[PDB]
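What follows is part of the complex, with its chains left where they were.
Chain IDs A and B follow the sequence of writing; residue 1 opens each chain.
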Amino acid sequence: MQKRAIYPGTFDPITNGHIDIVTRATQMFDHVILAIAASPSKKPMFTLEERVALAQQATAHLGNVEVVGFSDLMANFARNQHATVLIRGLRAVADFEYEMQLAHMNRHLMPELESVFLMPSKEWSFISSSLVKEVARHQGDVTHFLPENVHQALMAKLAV
Amino acid sequence: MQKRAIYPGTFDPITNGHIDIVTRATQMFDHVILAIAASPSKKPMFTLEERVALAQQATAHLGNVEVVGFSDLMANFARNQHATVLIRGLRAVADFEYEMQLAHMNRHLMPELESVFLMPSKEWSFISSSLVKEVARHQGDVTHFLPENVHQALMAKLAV
């Protein structure tokens, strides 16, 4: 069906939970666009360029992933990427309720973009980019939760 | 029973979800005070005066609605408006849990002010003022979710 899926988010930084979801998406769809939202208003730890480079390196082993950045309305960027599948990761109820609101909003903005929720391994079901950054800024060991390239970049960013 | 109900919130800006709730309240109670909290600390998109004017225009077709602004403790403002009914809208679990805490707190502050939860149409069960503003600031079409006067005011506010 030459299916194109988009997996959007801030990925600040991309975690093993995100790698898990994008890997599951590549096994299901022909082409996956991992889309990184700039979102400067949220004051990200890494620049958009840094996040794109980290995600490209962390997904280099998957042949059907394309990493790109965007500052647009996500649904407009998905239409412009010719995506018909919108990948979401399902971890907690609080995330699920907010994802339900976003999916109904995205369906009003682009009805042909089908929201699909994938479930990560139990190993990453309790992690987030925010939680990993919080632990790391207090010098806690987060090597288990991030791709090697990302872990070294996070340590460097926090070292000033 | 000459019942007076208060429907408080930031209404920044008032949405079709809020119009739905206030319409249901006017069919049940003799007089409904739609109470707009100034809350400058939360940095609202619209000034309190702008929110009051938008809500007055959006509820002008309902004869038993009175739009007012407040900066007081909500329960003190409700007592001062002679309200005995406190209208809340019920959409998601995250909102419900926080509304439960506020209702127990409001009952300690003013036990005769009865919290009543009304449920909006399925059409507005996944929207919020925050979500509409987020979509609009990324140029997404939010005409369906707001009264006409509000939609034009929101576009003007974002146009700088």
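We adopt the following convention: a contact is a pair of C-beta atoms (placed from the backbone, for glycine too) under 8 Å apart; a residue touches a chain by one contact, two chains touch by 3 or more.
S.K.: How many copies of this one chain make up the entire complex, given that 2 are placed?
M.R.: 6
Criterion: only the chains that are shown with their structure count from here on.
S.K.: Using mean CA coordinates as chain centres, what's the chain A-chain B distance in Å?
M.R.: About 34 Å separates the centre of chain A from that of chain B.
S.K.: Which positions of chain B touch chain A when the two form their complex?
M.R.: 92-94, 126-128, 131, 135, 138-141, 144
S.K.: Give every residue of chain A touching chain B within the complex, in rising order.
M.R.: Listed in rising order, the residues of chain A that touch chain B are 72-76, 93-94, 97-98, 100-102, 104-105, 108-109.
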